[PDB]
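Here you get one chain, nothing else, as structure tokens; it is the form deposited without the ligand.
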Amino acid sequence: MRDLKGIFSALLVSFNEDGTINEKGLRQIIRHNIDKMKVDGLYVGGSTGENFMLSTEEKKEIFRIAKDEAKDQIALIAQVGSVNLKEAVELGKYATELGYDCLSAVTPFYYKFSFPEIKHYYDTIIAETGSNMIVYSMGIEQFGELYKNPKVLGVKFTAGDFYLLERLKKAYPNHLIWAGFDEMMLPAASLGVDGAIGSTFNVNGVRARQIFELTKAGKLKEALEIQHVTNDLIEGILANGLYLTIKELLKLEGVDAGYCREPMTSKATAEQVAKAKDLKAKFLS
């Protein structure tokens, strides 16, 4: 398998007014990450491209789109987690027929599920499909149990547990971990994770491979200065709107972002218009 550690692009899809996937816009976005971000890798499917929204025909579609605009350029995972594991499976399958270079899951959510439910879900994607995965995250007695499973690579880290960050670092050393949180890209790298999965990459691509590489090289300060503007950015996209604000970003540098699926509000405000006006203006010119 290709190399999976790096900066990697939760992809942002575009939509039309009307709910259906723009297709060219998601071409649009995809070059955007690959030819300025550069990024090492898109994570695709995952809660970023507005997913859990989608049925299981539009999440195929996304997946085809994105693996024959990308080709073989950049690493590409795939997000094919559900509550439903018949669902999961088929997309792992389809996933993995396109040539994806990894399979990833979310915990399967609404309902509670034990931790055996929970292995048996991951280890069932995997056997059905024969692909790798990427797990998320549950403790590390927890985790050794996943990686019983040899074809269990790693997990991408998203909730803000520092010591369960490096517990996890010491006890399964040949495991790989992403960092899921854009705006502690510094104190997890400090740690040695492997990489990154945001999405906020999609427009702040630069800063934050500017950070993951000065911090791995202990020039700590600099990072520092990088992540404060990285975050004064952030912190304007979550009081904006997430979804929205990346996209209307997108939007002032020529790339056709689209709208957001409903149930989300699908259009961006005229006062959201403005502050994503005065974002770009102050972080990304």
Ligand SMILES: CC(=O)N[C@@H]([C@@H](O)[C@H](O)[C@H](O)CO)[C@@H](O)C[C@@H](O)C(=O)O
The other form holds:
4 protein chains.
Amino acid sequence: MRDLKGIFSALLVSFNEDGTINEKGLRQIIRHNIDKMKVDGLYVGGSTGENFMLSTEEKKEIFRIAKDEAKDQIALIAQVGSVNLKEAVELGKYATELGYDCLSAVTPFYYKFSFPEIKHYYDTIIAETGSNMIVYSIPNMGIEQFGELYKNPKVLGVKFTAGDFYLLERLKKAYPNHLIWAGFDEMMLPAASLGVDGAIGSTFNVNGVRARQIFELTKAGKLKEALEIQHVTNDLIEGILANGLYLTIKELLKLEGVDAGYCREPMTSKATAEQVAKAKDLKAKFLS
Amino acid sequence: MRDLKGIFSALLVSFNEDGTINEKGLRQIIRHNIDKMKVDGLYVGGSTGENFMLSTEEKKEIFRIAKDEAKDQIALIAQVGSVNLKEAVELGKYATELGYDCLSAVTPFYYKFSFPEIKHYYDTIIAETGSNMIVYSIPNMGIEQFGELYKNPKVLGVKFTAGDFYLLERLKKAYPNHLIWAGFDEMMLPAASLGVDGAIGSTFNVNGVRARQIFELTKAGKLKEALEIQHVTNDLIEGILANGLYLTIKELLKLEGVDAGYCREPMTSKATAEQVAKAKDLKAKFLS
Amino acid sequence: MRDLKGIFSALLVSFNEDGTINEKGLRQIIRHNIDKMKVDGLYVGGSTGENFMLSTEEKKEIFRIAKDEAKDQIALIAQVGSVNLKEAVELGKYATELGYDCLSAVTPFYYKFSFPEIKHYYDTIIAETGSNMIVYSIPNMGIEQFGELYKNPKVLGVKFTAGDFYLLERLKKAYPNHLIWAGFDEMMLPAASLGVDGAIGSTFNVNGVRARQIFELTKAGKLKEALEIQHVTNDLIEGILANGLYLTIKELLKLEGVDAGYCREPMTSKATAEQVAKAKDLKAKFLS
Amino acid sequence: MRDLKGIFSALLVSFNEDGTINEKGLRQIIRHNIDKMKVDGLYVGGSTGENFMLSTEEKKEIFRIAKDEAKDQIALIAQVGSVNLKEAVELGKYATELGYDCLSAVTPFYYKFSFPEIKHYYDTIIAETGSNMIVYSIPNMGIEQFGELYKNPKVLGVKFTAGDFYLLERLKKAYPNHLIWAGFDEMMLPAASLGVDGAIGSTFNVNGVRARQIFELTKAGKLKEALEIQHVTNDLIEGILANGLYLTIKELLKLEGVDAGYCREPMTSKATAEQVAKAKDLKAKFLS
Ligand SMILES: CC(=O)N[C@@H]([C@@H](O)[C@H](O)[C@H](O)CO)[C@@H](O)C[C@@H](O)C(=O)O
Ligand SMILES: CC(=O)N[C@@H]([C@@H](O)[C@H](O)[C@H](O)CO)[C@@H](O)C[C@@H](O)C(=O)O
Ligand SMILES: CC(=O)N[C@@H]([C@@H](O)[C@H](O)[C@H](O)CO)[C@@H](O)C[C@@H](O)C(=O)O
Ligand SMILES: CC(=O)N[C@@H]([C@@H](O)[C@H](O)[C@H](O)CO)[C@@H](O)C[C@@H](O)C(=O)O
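Following the display of the form deposited without the ligand, present the structure of the form deposited with the ligand bound.
Now the complete complex, all chains and molecules, led by this one.
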């Protein structure tokens, strides 16, 4: 398959006021990422796409729209994990039939599942689809557990989201050919200093230019320039996080002419006047 | 409004080896709770029912089967919570149409929702279905937030799950006409000492006789008697938790002639010979 | 030798403005507890005593004063734990030589000690003094471990401080002859419903009368009455907590005529005008 | 003014079997660090020196010995924090009188202090001693709280111990002239990539040559090479942690001819045969 290293925006989805998918808006978000953010790929169906608040058919529709819009221009990873393994299988087959390059799957949540159940979960998704897989968990999983998961050759690596840099170094050390995508945009530099292979992030939807610079500069050992860019990026992320992550990134998109729509409920769907004013301010100070 | 105080078993569901619902087996679990455990009602669709691993259609099927088998012999509570509000509303409406007495919904999880989002979530389920509601959250939410939720008159009260007895006392003190259902079977006695109105539990599917005793004796001031029965119950409960909660209760049901079937994947579906043997010893010592 | 069951106030200490011990003030606190609060005993040098911010010599003067003031009128428990085992041994020996009825010692903190190191710590303080010992830890320690500590016959039981009501029933059940003192004043009722033998608490310095009531009514099966007294008590305790525990209890003692002094720095030593006014309102509402 | 940047070993202390300080041994640990590890300085009285298990007189003796042994060959920081603010003041004055370059102090612990209290503790220690200060806390306190601490111009910066690399970047961006010393030896590389000014660590007592290489190689933008040294360091560090941190580093020193003696009880004072064997193996693998 296609190279999966580098910069992947975790695709946001545009919703209408009633919560249905705004396909036109979604296509516009995709074009912005490919054409203007210059990403190496998209991670579709992740937490950033408001995946877990949608139906199975809704997830399928975004997968179809995203593939139809990006075609073969960029690499595409489909996040298909769920507490429902049958639905994870159904989505992984559908993504696979569409041509996604790889699957990703959150470890099953809500219940406290044991390691063997988690490993069976990933092995089943793999077996039923025939696709390669990128694992990840929500608030960890240690070196011994990664070794067991990595006994399946179709597990390519991990979307690392917890801020434990000793565990990140140990994983690269113990499983050096397995890939690591950093999931924390605001800690890209230190992640890249430990050799991650790429990054999957929500802020790359509007700050992809600087994210690629931090990455590439840090890999070149150009730390002082990389750090200046990480500092500006972090002022941007700090405002986005204080203002409302999802709504603020969609408002920033709308200021570039992307109809990024509303958020899906149970999330607050419409930005307040003050959230809107703050997004304009962030745009002015950092994306102008 | 049918009386909702008392002992409610959180209904377990029987699954075939392929993970599909075993309707015969589910009807036998329901008959055992009504006729042998003699519970006041069933809490259908909860975490004990393996609910969050299933599709919307399988959730509806379980609600169909449970209402058909129980008719109006006992009170029925439908748990319809989800990260997907549209699905919660759709499930709330179907359960309301089937004739469930009340609805229950877990606070939306996975994402970190704010309090207003959480209240908007419960207010929407109620307004779209017109039914009463029992709130609850997984791993708190304080007196001020419960008061806000209680501004909606259809919010009857809470299924209390975190072992914070100071908060339990405060909530009963502050809102004396709202109801509380203890969710921790092994802490029934102390909860009943602070005035809870009932209990919703997984172990009542096999230990409903003793659960009622502890509750009734504690409410009456017969503390010595209640505590001896809570001790024996906690010995059983300690063995069920060490042996595997879900499979053990199903193995205990099969020793009573109920086809409780398999667990649903991602959960470990089949009990090991060691787990079957331990269920047989627990049956012999505690439920014979 | 002497009975250790019942109500123990965790002795508060009076300090002057410069942080030195106000002996006259302390003796008055002791007098209020024995004569008005009618406690079965005092737990001296506990965290309520501002113990961990003082020197070894200051800890010794508090143990000399309390024993000289209380004489043989009430049971006395000396808390002598520390991160410094040589200090713990020194205090234990002194308290033993002053005539305290029993010792108590927090598990060594700061560092993460292993179970065996913790058992060796209690065993050493016992070996060096020959006194009975009441264990406790700050924020758990399970049944197995309590059984290991209880192999030493001088370990009488535990001052239970963590809100785990399931562990509390398991402990009492596994070791029916070992004693349990509830450390949480606001959860006295549910603790007494599971058979605890007494309580050690800071609010007994001002609410001693209602505390015995709750306890004695609850061991008597008069749960409706106990619950009411626990409700009023918890209104007082909530107000104490919100206003600042240590200074609020000292302001309340000052309202009875006890020179309870200032708090020792690094805690804020002096109450503000609002704290004093709130103490007065709590005097009027609950202790007049 | 003595430059405080760079590599600081957190000095280990040699104890006799009875727990008293082994002066000869301690001076051999000091000489090894100056002469063999080539550290820029020592951080004396830290948790690595087993400080919190000792008496105030013992702490003072350690300060006297380290300063008499190191003279002015290196920088010296004295950690004098305590839950006892008068003890903190007393220790700070003594260290200042001995010529220590700077003081450092843990946030007071055991109790839950407010921020105002914590700032008052630091201001008092400073005001009473006349010395500069390096703050630190145990397991976070944000940007806004470090700004308030830094209103006191004698607070030089922080010994950063929590693995939050976002906060670390934020701190350096908000107070670019204040210093940061990384406290996690296993994450030196990522910390140096964000511009920390130095590092304080326990493993530099045996791994000082590599620690300096990582630090200096990372500042030079030689990330590939720094990473390889961080990788072997971390295999050593992983083995030290698994085998018992303090005892393994002391056992490692003993194989270098340093009488590092025993640990101080409540910590296990003597290494077992297995711990001795594992230190010899770690010595052969990484430090020969
Ligand atoms: C929890 C979360 O939102 N994580 C983001 C980060 O990009 C995050 O948004 C960003 O670092 C701000 O904290 C991505 O890792 C999530 C991405 O992996 C996804 O599944 O959508
Ligand atoms: C997480 C969990 O298992 N909770 C159980 C308890 O009955 C629990 O099984 C029992 O106390 C054993 O710990 C119920 O509260 C869950 C019940 O409310 C449900 O929603 O299914
Ligand atoms: C941490 C704490 O303050 N606990 C108090 C409680 O009485 C407490 O003050 C009360 O329950 C209010 O929360 C006592 O248990 C402490 C007491 O055992 C002591 O050692 O002084
Ligand atoms: C908690 C702890 O042991 N921290 C060490 C680290 O060097 C640690 O030993 C090392 O990173 C291994 O985890 C030092 O930061 C402690 C040092 O700051 C001290 O105060 O002695």
